Each structure stands twice: as structure tokens, then as C-alpha cells.
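One chain of protein is taken out of this complex; the other chains stay put.
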Amino acid sequence: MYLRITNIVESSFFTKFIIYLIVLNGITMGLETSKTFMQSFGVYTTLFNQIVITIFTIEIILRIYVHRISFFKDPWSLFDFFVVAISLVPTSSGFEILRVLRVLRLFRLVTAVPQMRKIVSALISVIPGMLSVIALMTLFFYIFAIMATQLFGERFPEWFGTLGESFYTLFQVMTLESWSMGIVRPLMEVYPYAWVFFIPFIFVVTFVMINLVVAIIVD
Amino acid sequence: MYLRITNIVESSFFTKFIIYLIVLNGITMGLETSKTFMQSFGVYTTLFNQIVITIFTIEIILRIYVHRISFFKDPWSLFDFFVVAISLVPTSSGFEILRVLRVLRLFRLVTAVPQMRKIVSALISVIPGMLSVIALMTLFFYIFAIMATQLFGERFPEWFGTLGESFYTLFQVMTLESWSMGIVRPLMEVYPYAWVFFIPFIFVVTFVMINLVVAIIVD
Amino acid sequence: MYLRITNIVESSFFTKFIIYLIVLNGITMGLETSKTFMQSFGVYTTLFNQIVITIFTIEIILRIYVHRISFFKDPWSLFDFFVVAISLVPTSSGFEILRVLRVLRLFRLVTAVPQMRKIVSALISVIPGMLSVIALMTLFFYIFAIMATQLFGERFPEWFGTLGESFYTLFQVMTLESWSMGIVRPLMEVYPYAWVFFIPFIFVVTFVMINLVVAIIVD
Partner (left out) sequence: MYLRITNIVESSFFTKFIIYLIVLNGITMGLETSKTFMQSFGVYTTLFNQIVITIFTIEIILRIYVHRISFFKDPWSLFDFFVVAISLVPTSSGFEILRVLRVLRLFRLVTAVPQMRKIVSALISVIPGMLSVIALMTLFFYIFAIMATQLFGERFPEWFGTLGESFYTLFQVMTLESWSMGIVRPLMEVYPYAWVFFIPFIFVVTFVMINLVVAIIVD
């Protein structure tokens, strides 16, 4: 059987049956949510998904016995492995967190389907040339969050009480979502200097988001 | 009579006689909005609009005995058929929405002019090449929209109660407009670990929607 | 005197006296606003500016009699001309609009100062390669504003009553400022389809802002 499975694994129907399931799954699971769909076609997808999973886990064991060293070396494999594994924990045990990240198993329409594969390859191939910017940008974010946590937050709880909560707030000022009406003004209404806190922040941040784009255009 | 009409439908005057009309009709829609205009220059316009439809019909009819099957196979033409055909449905019947869509005969300034025609080819011939990750874009929604129906739907059913009503709130978060002060912040007061569901959704998209452009820069 | 003035006009002190005034003016006029500065040093800048203007207008007549044809041909000259001219209308006549656009006369720190001159030259040299995008973008904005004015606005006054007011609102949705909390949701609370109105709008708009940037990178 060492030969047989391999000459089923590499076949065109084997590779277009897995692609056929993802789409159907994405379709049929995209109707698990409905507060009408499960009130009629209820038990249909409860045991349909149970066959989806059985087939995946069999498929994952099938490829192992074809090239095992080569499996746990492909960035698309160990993906499918664990991303199907997160599904294998039953309905209710420990936490719904596991149950939630289940339908993540559809992120194989990038794996199995060859067209997205190369572009996804071209998508991540950017950041190795973005770290310089990225590393210093957080080490600017780790200093500029603390000074928020112990100056402001003592009389501004939700917005700068904790260190996580400052990062929360400084990313929000970074997106510039509600950046000044929801943050600096009400802050300035108490400590009327927070414009020297946040204006130069905003100056140096953007400044360095401007020179990251240009870096991926030169290179 | 086939030879007789080619001398008209293709003539120099013909084009300019269209360009004269859409603009004049074009001014009488913005002028039509005025209720000081509808009670003194009402009957004037409503017979202008019965003139414009009639001339168009005549004009569309003139094109069919020339290109014939070269009409029902041109994208510039098949649209022009729609703007008359829906404008032909009478001053009542069904719903008033067809009677709204009679202001698409100003997008006949893009059909009737080649300099505007120039852009519509170049811009829309970009859509196909983007699907390489749009099919993925739609997928990540579809997957996470599911999870963002049971997770937050029941507690918050204005934003997440229905898969499609989750799709909305997800699109918005994606566009970043009021993800913090709008949706997350309150979605936390009941779900402390609600940032775990979002900031990656928020991230992954930021990475992907940017990465899409990095490939458009290249290709 | 045909010779003399010219051999003062082209001199280094003549050209660094005009640059010296702009900075001082920007400084001293940047203190006209203060509700303390004019309550003490009040009459100082009221008659200081009166000498600024006299000197400019003399300087503008001085260059005319050096190369007059060549003056009304330079994009930096006719600027200074009219942009000083807007200043010449007295304090109170007609409308404060004229008085307001006065301090615009400081936009000569780009004219007289040579470093900004070339970069400003390199700043406008872009748009001749941005019209294709720009022309169709407004002719998308002139159709997608009307249909807002006569569908929505009849029961949504401030946001889509008038045609100017729709452009007002569609640019706001274009910046995506408060785009969905301040507009589509409250709209959807009445006509629950406005997500088919505004979602595809947002799709096609951004789409074409993405392919304008890439156009100035290729070229």
C-alpha cells in the first residue's frame, strides 16, 4: 500500500475533490449562523461537518505517508495540520474559543488552490524588508505607552490606566480613529498640555509610516 | 435602406447632437429638484423628458439596423439599452425606484465621449487580476462573520445578530471607521476578550489590503 | 531711469529684502490675532502692514518696467500680482472675504525663496498624469450624488436634500470620516437597502484611489 495511496494522492481528482469541499463547506457552513437555517435544515450540517472533518484528518494522514519530512517543512502543510487540529476538540470542552477558530479550516482555499498560493507567497515576501521600520516603531510604542499609563491614566481610567490599555489607545490614535474628539480634547480639558504629548507623537509616527511605503517602492 | 442610415448614425453631427442633449437634459435634473421650479416650469420639463426619451429611442433604433449583432455584443451599447429600457417603464407601476434610475442617462456622457471612454477600459481591466486575493478577502469575512454571529450576535444583535448584519459591522471595522469608540469598546463591557476576535481581523485585513496594492505596484 | 531700477531689481540685497519682509510679516501678522497683542501693541502693526503693502505694490510696479511681457507669463508673478491685489481693497467695503484672503500675500515665501520653488514645481508636475483618474472620478461623483438627492434626501434633509449637500456627504464618505455611524446606519434605520447604495459606491471609489497612486509610481 506504500505505492497505491501515493498514486491516488498526486492525482487530479484527489486535488480537485479537496478544492470542491472547501467551497461547499464555506457555502454550507456559511449557513450555520442563520437563526432559520438550523431551525429546519438543522441536523443536516451537524453531521455533514462531522464527515468533512473525518475526510480532512484522513487526507492529512494520507499525505504524511507520501512525504513526511517534506510535509512538516511546507508552510502550507503545517498550516492545514494544526488548522484542522483546532477543529478536532469536541463541541463543549474547556472553552468556545477552540470551537470558534474551527471554520478557520477553510483557509485552505489558499493552500489547495494554486493561484492564490503564489500571490500569498508574494504577499508575505514584503515584511523581511519592513522590520527595520517595524522593530523601532514598537520600541517607540513601548516608551510612548508607559508615560501615558502613569501620567494621564491615574485620572483617566479606561483610556490609559493599564499598559495594554495605552497601546490600545495609541494604536487608535495611530489609525487616527476618533483621534482628537474621543481622546486629546477631553484629555486637554483636564491636563491642558496633552497636545504636546500627542501632537509630536502623531508627527513622528506618521512620519515613519510615510517612509515605509517608499521603502517597498525603491526596493 | 441599409446604405442610407450609415451616412447618419456615423456622421459628425450625430455625436455632437447627442452631446448637446445629455448636457441640456443633464442641467434639467438638478434644476428639476427645485420645488420653486416644479410649480412654474413644471409642464415645460415633463415634456422635455418626453422629448428626450423619444429622440433617444429613435437614436437607439437607428443603431440597430447598422451594427445589428455588433450592438448586442458591445459593452458600451448594451448599457445604453438598459438606461432607455428602464426609463421606458411608465410614470407609475411596481415601485418608484425604476423612476429614480432615470438619472443614469448622465453616465451617457461617458459612453458618448471617447476621452471618458479612455478611463473605463483601463480601470475596470484591473478587476480580474485582483481576484487573486479578493476570493480570499471574501473568504476571511465569510469564515469570521460566522464566528461573529454566535459570539456577539445574541448580546449585540444590532451589529452581529445576523451573518449578513455581521458582514456589515465587519466591513466597517475593516474600513477602520469606529472600530474602537464604536464597536469594540462597548462589545468589551460584556466580552472582556473581544479584542482577540477583532485586532487580528483588523490586522490580517490591514496586511492583505495593503499587500494587494504592493502587487498592483509590481504588475 | 530705464537702466537704474533694473540694476537694483536684480541685486542680491533687493531679493533678500523681500524674503526678509515675508518672514517678519508672517511673524508680526501672526500676532494680529491675539486678543492681548492688539490691546497693547495695537497701532504698531496697523500702520506696519500699511507700509508692507506700499512696499509690495511699489516692488510689483518695479519688476513690470524690467520685463513686462515676461512678468505676465511667470506662474510665480501673476500669483504675487493678484495675491497682493486682494490686499489693496480697504478694511471694510463689500465683504470681509477680501480682508480675510489678505494674509495670503505671505505665499511668496515659496515665490521669492528658491528652494521651495523647484519642489513646488515638482509638486504640480504630477496632476497632468492624474486627470484620467480625476475626470472620471467626478463624473462618477456627479451621477452618484443626484440619485442620493432624490431618493434619500426627501426624508433626509441635511445629508442629501440638495445636490451640493450630496457631494458634501459623498466626499465625507470618501474620506470615510464617520462614514457609517454618521451616515449609512441611520440611513439604513429608514431605507434598509442603503448598504447596496453605499457599499458598492465605497468599493468602486477606493478601487480607483488605489490605481492612481500606482500610476504615479510606474510613471
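As written, the chains take the letters A, B and C, and residue 1 is the first residue of each chain.
Everything below uses one rule, namely that a residue touches a chain if its C-beta (ideal position, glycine included) is under 8 Å from a C-beta of that chain, and two chains touch if they have at least 3 such contacts.
Student: Considering the full assembly, with which of the depicted chains is the omitted chain in contact?
Tutor: A, C
Student: One chain isn't shown here. Among C:66, C:103 or C:135, which residue touches it?
Tutor: Considering the complete complex, C:103 is the one touching the chain left out.
Student: Using the document's definition of touch, tell me which of C:5, C:29 or C:66 contacts the absent chain.
Tutor: C:29
Student: Go through chain C and note every residue touching the omitted chain.
Tutor: Those residues of chain C that touch the unshown chain are 26, 29-35, 96, 100-101, 103-104, 106-107, 109-110, 115-116, 119-120, 122-123, 126, 168, 172, 175, 177-178, 182, 216-217.
Student: In terms of residues, what is the contact footprint of the unshown chain on chain A?
Tutor: 132-133, 135-136, 139, 142-143, 146-147, 149-151, 162-163, 176-181, 195, 199, 202, 207-208, 210-211, 213-214, 217-218
Note that only the chains that are shown with their structure count from here on.
Student: Between chain A and chain C, how many degrees of rotation does a Cα superposition need? Round to steps of 5.
Tutor: That pair's rotation angle lands at 180 degrees.
Student: In angstrom, rounded to a whole number, how far apart do the mean CA points of chain A and chain C lie?
Tutor: 42
Student: Where in chain A do residues touch two or more other chains at once?
Tutor: 217
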